[PDB]
Amino acid sequence: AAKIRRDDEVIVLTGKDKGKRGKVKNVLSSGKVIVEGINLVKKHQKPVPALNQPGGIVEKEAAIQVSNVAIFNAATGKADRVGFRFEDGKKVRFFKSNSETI
Amino acid sequence: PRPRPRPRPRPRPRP
Amino acid sequence: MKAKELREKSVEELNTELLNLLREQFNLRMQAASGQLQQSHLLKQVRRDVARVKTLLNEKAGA
Amino acid sequence: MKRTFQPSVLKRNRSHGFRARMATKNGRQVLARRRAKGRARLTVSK
Amino acid sequence: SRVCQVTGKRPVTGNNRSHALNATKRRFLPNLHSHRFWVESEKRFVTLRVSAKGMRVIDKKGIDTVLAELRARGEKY
Amino acid sequence: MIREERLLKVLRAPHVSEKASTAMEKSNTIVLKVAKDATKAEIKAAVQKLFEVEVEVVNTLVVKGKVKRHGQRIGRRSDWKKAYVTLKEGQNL
RNA sequence: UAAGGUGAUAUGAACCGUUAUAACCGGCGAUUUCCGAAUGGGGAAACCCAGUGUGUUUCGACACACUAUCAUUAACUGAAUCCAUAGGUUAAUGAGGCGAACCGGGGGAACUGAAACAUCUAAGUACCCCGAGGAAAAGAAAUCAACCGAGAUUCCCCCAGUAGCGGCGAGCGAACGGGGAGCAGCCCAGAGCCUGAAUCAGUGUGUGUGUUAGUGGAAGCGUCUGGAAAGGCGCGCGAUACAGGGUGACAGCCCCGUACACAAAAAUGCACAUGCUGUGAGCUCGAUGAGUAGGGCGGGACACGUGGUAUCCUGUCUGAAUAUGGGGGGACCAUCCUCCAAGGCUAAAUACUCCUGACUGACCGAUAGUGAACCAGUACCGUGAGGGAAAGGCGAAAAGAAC
RNA sequence: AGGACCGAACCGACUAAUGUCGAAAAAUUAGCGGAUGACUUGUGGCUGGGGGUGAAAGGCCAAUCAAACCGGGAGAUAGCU
RNA sequence: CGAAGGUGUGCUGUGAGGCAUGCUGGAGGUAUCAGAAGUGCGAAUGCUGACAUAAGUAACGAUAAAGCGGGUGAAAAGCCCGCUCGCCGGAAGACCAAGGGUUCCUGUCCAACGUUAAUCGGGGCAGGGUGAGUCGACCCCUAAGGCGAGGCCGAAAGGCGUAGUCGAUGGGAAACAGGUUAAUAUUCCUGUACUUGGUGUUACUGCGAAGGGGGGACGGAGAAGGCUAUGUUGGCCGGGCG
RNA sequence: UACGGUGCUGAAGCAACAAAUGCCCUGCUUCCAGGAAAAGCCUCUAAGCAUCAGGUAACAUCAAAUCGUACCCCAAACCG
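Residue numbers (the deposited numbering), protein chains in the order written: chain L24, 1 to 102; chain PR, 11 to 25; chain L29, 1 to 63; chain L34, 1 to 46; chain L28, 1 to 77; chain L23, 1 to 93.
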């Protein structure tokens, strides 16, 4: 039922990183995906007294909405929408606009 | 917020 | 472990859940209170499987 | 001076306690009003 | 309460109208009495709190007949 | 029977404190949290079997939960009962 | 259904999974501490004390079940006197209590108006109590009408603020009839012939259909500005789908969705068909509701306040006829008309919304809107009944400020 | 012996001052009356709103009494402001 | 390439008002013509919230009273310790009952509380502490009184009341001394004891009621005697001779 | 001695007098106003059972459950 799953190579459609690519690390329950190399936030992390002293300004990956990204087709070289079909006994995702099987 | 004891009344007269 | 305890004999699986309480269920409760139990997911699953046998214990005995 | 409220748990429960309220028809209707209003503290009890 | 056994007469409310038509809420009471009637069936006496008009229902009927309706209504005669 | 099953639920946590540690070396008494609805016979029989030690007498008291405050919420700790289980000369744990 | 999850404040730790016994959703089951009708007894609620019968490692001492009241029925006993009853014991079934409004019944004010106030009105209103259902009540004429006729009850609009009632003051206020919704009639007071024939009720099966999980579900880019574009411009597509929401500013083609087309292992709602059981058909001849109608005294309700007052009900005292008889047709008499009491059941149109699902608003936008948009009947006040607040917004994303 | 006397605890409040937005929504200070009885007090009960209770002031009935408090008729009514 | 709102300016109409625009603000507003008002506040000793005023004024809450040195700390009149002064002492001391509910004790902090400061506290956070056969509660019983199977009465609700059942402020069984914790101690430890039940063994023996009887079981006041708690003195012991 | 306190050791430890509202005393006297109830405890038997069951004496053994227990308690902790 999820149009974008865990290990899908996606492309950002809207935001400051429009046109960049990258695979998703994880997706949250609030419709937020986490893709590396896209939402680089300069978090001023305080060094916890507990057993490690990172300090510095860390470079994390902020969450972005799943609606602003779409899975990369890697054949047409552009953004591609995804539907659902019943090609085998289970439900599987299939492409649109020169539809293929994922 | 409480009221006040009210001014002490004088002895009332008659005809 | 829904099927791995289903067809076992009544007092046979009764001994297991009576052993369940004799072990971890009581042993890990002593170790977690003394700050020696590193893992915390073990206490949750042991409470779950004790409830699993007691559900099957009532299912096998009588109705 | 002697204040009008001299507390006593025994006299409090004997007058406005739960079992005192349930001992009469009208006291039961008090609880119905409290439950309709959804008040947490129903009577004076422990 | 003031309830007749046979007829079922109970007190009713009304107005105590005066000469100036002042309405005062009063209560009409039945003429109940505790009379023990002889029953030839059981050869004993059965005491009842019946009305004076209720006894007039009793004597025109049978004493064993009127107790059947009391037994049917679920009354302890 | 299920008497031994009850003893496996009476014991809750081995209590430790400055007073409880002194009870070990001097008074030979273990201090440990028990069930709220636990009697002296139930506590004694649990330590007899589950700990393989000789229980002389068990003294219990109910600890009242302190009324704490998590910010603006008025909370209250759960009440619990501690046991002063005195062992004999041949104690192990 | 599923590649993500171990509810939230609220991270973290330790883990469970990745096409299947992770999690989630629903159906069916199990568990369901104590109080509370509480129901073993008691009691200051979440407490104390038991009794009986069974099953059991140290007589140690535990485990389970039962034991409340009342009503009905059955069985066994059983006085004061023989019998017998009252009473007692046991067994079975039902009830007890809670719940917003609607309904029926039993009680029932005053403030107010009359410019006072007692008749009256307010008002059979507020309130108290009892009872029942999903609707409740009533309900198939001893009815209306007029000497033409209509034919159960219930609800809406006229009739009509009319006729009337009323310190004829204030005020109260019809009926007849008509137009509509919805229309369903039956059983006993009794015997025979025929007996299960319509009829409903209780349980199974079959089919249809709905609910409780859900599935598929269309269609776009470039470029400009802008932090970010859905916004401007340009050129396309879908549309039984621009209902709606979210997406870094206003998106039909980014997503959730929507129209439309589908789906139920299991549990049921409803509609019939049908199996079984109970139930009672149809015809003939009868019967056809007594301390009742009515009357006297005193009230109540009918718009009708006793007035010339018809009608019904009732506290008390009386009291017929009985279908060749009686009631009503508004004091009452005679004639005609009509109906049949003193025994009962009944769906529909009718009222309400504690609660659930969907949708809408020339309703509010935080002193408003429910008292409460923020863990509100909460904090707080009062012994108690009860009263009762204030308190919304950083940012797109915490990236919430390393040093 | 004493509803005896003086006088502590205790009960009460006669005089004066202070206090009158007070330390206190009747108290303190200095004196006062009873102080073995019709005394005082603790605890647990009973009597309630046209009612209770009153060695009786129309006093008390939870700091409110010629008819307590709360909720409801009720947005009573007001020729008045 | 900047809506509404806010805040200024310049014009404009007889007027309620209108237009343009500087700045902030940040995403909504709305021409013209019609329609519907929760449609225009200075007053109601109007309601809610905020801020002035008197004014840095009274007061800082019994006239029992503080003075000094050292310590801690950024800061000491108020905290800690030591040396002097004063107050209560039939209490302003030490135990309880009722009533409160962790205020107890330790570590740590001075944002809010304390009518001043505060490293201080009954203030915030965290941790610990409440040990019973002999104390009390529970339990046996009962007074006043409550409920009340049946029963009587009452329109309903319900009222009274028997058996019974509750109901202490009363009657019933039993432990003292010493020591110990930062906080518990007739409860913990040591010493020495006491009471009530169950079971088993032995030896005798008739036991046995919601029943009878005894006892429990009782008023005020007064006086005397013997005592004791306790106090004083002497003796004894230890220290001293300033 | 972390200087808070801890460990060890430890003499005398008697007599006389005074003396209570406290004890004997729920006593005695006196007075009138005439001064709770039931349970525990002792005893007796009824219905019943007697080789029993039960009761008394001695010994051994077990058990005495549950809850309250900190602190203020004439007060900055209760009511105001």
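The set of hints was computed from the structure by calculation and includes no laboratory data. Don't take each hint at face value.
Here are some of the chain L23 residues that sit facing chain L29, going by a computed Cβ distance under 7 Å [unchecked claim]:
id: 1; residue: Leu-8
id: 2; residue: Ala-13
id: 3; residue: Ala-35
List of simulated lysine to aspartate or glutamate pairs, DMTMM-like, C-alpha gap at most 20 Å [said to hold, decoys possible]:
id: 4; chain 1: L23; residue 1: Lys-9; chain 2: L29; residue 2: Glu-59
id: 5; chain 1: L24; residue 1: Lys-43; chain 2: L24; residue 2: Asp-7
id: 6; chain 1: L24; residue 1: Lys-43; chain 2: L24; residue 2: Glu-59
id: 7; chain 1: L24; residue 1: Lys-16; chain 2: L24; residue 2: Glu-61
id: 8; chain 1: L29; residue 1: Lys-54; chain 2: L23; residue 2: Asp-79
id: 9; chain 1: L24; residue 1: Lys-25; chain 2: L24; residue 2: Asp-7
id: 10; chain 1: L29; residue 1: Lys-60; chain 2: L29; residue 2: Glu-24
id: 11; chain 1: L23; residue 1: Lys-9; chain 2: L29; residue 2: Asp-49
id: 12; chain 1: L34; residue 1: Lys-46; chain 2: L23; residue 2: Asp-37
id: 13; chain 1: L24; residue 1: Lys-91; chain 2: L24; residue 2: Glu-36
id: 14; chain 1: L24; residue 1: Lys-23; chain 2: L24; residue 2: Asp-8
id: 15; chain 1: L23; residue 1: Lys-49; chain 2: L29; residue 2: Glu-59
id: 16; chain 1: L23; residue 1: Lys-49; chain 2: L29; residue 2: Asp-49
id: 17; chain 1: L24; residue 1: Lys-43; chain 2: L24; residue 2: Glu-61
id: 18; chain 1: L34; residue 1: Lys-46; chain 2: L23; residue 2: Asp-79
id: 19; chain 1: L24; residue 1: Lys-43; chain 2: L24; residue 2: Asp-8
id: 20; chain 1: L23; residue 1: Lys-33; chain 2: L29; residue 2: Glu-17
id: 21; chain 1: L24; residue 1: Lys-3; chain 2: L24; residue 2: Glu-59
id: 22; chain 1: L28; residue 1: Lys-9; chain 2: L28; residue 2: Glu-69
id: 23; chain 1: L23; residue 1: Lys-9; chain 2: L29; residue 2: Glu-24
id: 24; chain 1: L29; residue 1: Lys-54; chain 2: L23; residue 2: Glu-56
id: 25; chain 1: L28; residue 1: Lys-53; chain 2: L28; residue 2: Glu-69
id: 26; chain 1: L23; residue 1: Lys-19; chain 2: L23; residue 2: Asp-37
id: 27; chain 1: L28; residue 1: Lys-25; chain 2: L28; residue 2: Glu-40
id: 28; chain 1: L29; residue 1: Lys-9; chain 2: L29; residue 2: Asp-49
Far from chain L29, by Cβ distances over 10 Å, these chain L23 residues were calculated [what the hints assert, rightly or not]:
id: 29; residue: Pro-14
id: 30; residue: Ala-23
id: 31; residue: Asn-28
id: 32; residue: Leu-61
id: 33; residue: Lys-64
id: 34; residue: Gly-71
In this text, a Cβ means the ideal position worked out from N, Cα and C, and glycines have one as well.
Hint check:
1. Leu-8: 4 Å, holds
2. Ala-13: 4 Å, holds
3. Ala-35: 12 Å, violated
4. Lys-9 (chain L23) x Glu-59 (chain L29): The given pair, whose Cα atoms are some 24 Å apart, is violated under the 20 Å limit.
5. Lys-43 (chain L24) x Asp-7 (chain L24): Roughly 26 Å between the alpha carbons, so the hint for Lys-43 (chain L24) and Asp-7 (chain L24) is violated.
6. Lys-43 (chain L24) x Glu-59 (chain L24): Status holds; Cα separation ~6 Å.
7. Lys-16 (chain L24) x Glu-61 (chain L24): 14 Å, holds
8. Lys-54 (chain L29) x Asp-79 (chain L23): Violated: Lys-54 (chain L29) and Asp-79 (chain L23) sit about 29 Å apart, past 20 Å.
9. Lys-25 (chain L24) x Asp-7 (chain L24): 7 Å, holds
10. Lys-60 (chain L29) x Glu-24 (chain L29): 25 Å, violated
11. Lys-9 (chain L23) x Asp-49 (chain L29): 16 Å, holds
12. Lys-46 (chain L34) x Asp-37 (chain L23): Measuring from Cα to Cα gives roughly 19 Å; hence the hint holds.
13. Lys-91 (chain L24) x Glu-36 (chain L24): This hinted pair is violated, its Cα atoms lying about 28 Å apart.
14. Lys-23 (chain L24) x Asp-8 (chain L24): 6 Å, holds
15. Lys-49 (chain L23) x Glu-59 (chain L29): Distance of about 31 Å is beyond 20 Å: violated.
16. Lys-49 (chain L23) x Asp-49 (chain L29): Violated, at roughly 24 Å.
17. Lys-43 (chain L24) x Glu-61 (chain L24): Between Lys-43 (chain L24) and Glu-61 (chain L24) the Cα gap is close to 10 Å, so the pair holds against 20 Å.
18. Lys-46 (chain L34) x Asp-79 (chain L23): 15 Å, holds
19. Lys-43 (chain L24) x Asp-8 (chain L24): 26 Å, violated
20. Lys-33 (chain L23) x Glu-17 (chain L29): Violated. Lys-33 (chain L23) to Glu-17 (chain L29) sits at ~24 Å, over the 20 Å cutoff.
21. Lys-3 (chain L24) x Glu-59 (chain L24): 28 Å, violated
22. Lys-9 (chain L28) x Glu-69 (chain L28): Distance of about 15 Å is within 20 Å: holds.
23. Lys-9 (chain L23) x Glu-24 (chain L29): With a Cα-Cα distance of about 12 Å, the restraint between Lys-9 (chain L23) and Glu-24 (chain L29) holds, given a limit of 20 Å.
24. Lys-54 (chain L29) x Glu-56 (chain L23): Roughly 35 Å between the alpha carbons, so the hint for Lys-54 (chain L29) and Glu-56 (chain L23) is violated.
25. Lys-53 (chain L28) x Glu-69 (chain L28): Holds. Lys-53 (chain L28) to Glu-69 (chain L28) sits at ~17 Å (cutoff 20 Å).
26. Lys-19 (chain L23) x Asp-37 (chain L23): Given that 20 Å is the threshold and the Cα spacing comes to 24 Å, the pair is violated.
27. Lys-25 (chain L28) x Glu-40 (chain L28): 45 Å, violated
28. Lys-9 (chain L29) x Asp-49 (chain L29): Given that 20 Å is the threshold and the Cα spacing comes to 17 Å, the pair holds.
29. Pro-14: Violated, since 6 Å does not exceed 10 Å.
30. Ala-23: 17 Å, holds
31. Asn-28: Consistent with the label, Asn-28 (chain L23) stays out of reach of chain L29, its closest Cβ about 20 Å off (over 10 Å).
32. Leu-61: The claim holds: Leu-61 (chain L23) sits with its nearest Cβ about 19 Å from chain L29, beyond 10 Å.
33. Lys-64: 20 Å, holds
34. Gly-71: Per Cβ check, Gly-71 (chain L23) is outside 10 Å of chain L29; nearest 26 Å; holds.
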